[PDB]
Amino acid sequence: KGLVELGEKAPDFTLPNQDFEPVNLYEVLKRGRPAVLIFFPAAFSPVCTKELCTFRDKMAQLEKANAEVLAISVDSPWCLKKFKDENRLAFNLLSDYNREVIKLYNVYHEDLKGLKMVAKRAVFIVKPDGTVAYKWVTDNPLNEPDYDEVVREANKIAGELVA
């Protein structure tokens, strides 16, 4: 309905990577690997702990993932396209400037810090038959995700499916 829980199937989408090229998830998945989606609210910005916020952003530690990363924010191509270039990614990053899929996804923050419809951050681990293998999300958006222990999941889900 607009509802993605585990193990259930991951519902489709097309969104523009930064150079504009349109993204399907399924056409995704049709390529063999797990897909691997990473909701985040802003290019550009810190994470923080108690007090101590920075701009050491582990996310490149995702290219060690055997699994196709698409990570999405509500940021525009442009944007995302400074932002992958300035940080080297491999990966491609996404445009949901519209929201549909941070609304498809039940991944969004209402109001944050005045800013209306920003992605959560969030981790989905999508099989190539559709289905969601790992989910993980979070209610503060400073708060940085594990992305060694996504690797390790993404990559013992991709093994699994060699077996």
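Residue numbers count along the first chain shown, from 1. We call the rigid core the largest set of C-alpha positions that still match within 1.5 Å between the two forms. What changes on going to the form deposited in another entry:
Looking at 138, 131, 45, 61 after a core superposition between these two forms, you find that only 61 has a C-alpha shift of 2 Å or more.
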The other form holds:
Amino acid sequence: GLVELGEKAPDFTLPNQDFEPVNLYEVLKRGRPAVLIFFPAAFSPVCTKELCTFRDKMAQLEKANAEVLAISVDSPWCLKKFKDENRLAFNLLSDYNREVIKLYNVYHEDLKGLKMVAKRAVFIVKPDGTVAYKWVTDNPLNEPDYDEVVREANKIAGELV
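Having seen the form deposited in one PDB entry, please provide the structure of the form deposited in another entry.
Chain only, nothing else included.
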């Protein structure tokens, strides 16, 4: 149940904010790396800061032509409002039933009395499905190193040529 570096990323299907099924392997078949951003909660201070920082660096991410998939346990309805309010130009996926967080081993048993919330984590998956980058924090106040995520995603894109 551990998603190690160089290992194949487990496939999953999740509804996005508009209730459309998004499958990781179908995304990878497009030929661009996938950036999986797990976050504890829509509308929380750090998650809003995190998704807005990735939005402000979208142009740098679109150079690498990378697919960004942000994931939390919030409903697609909550995720739709959160995407619209922040002008997020990528898909937010609902792991409402806790299947994906258990699969990627990125969950908090308890956060502020809320059970089984996603940990803040970032994975970069190559088109062949191998995990090329894994960042997981036990403290949700910590933010990923954005510039390094964008740099590593761009490095995969350039290596694909």
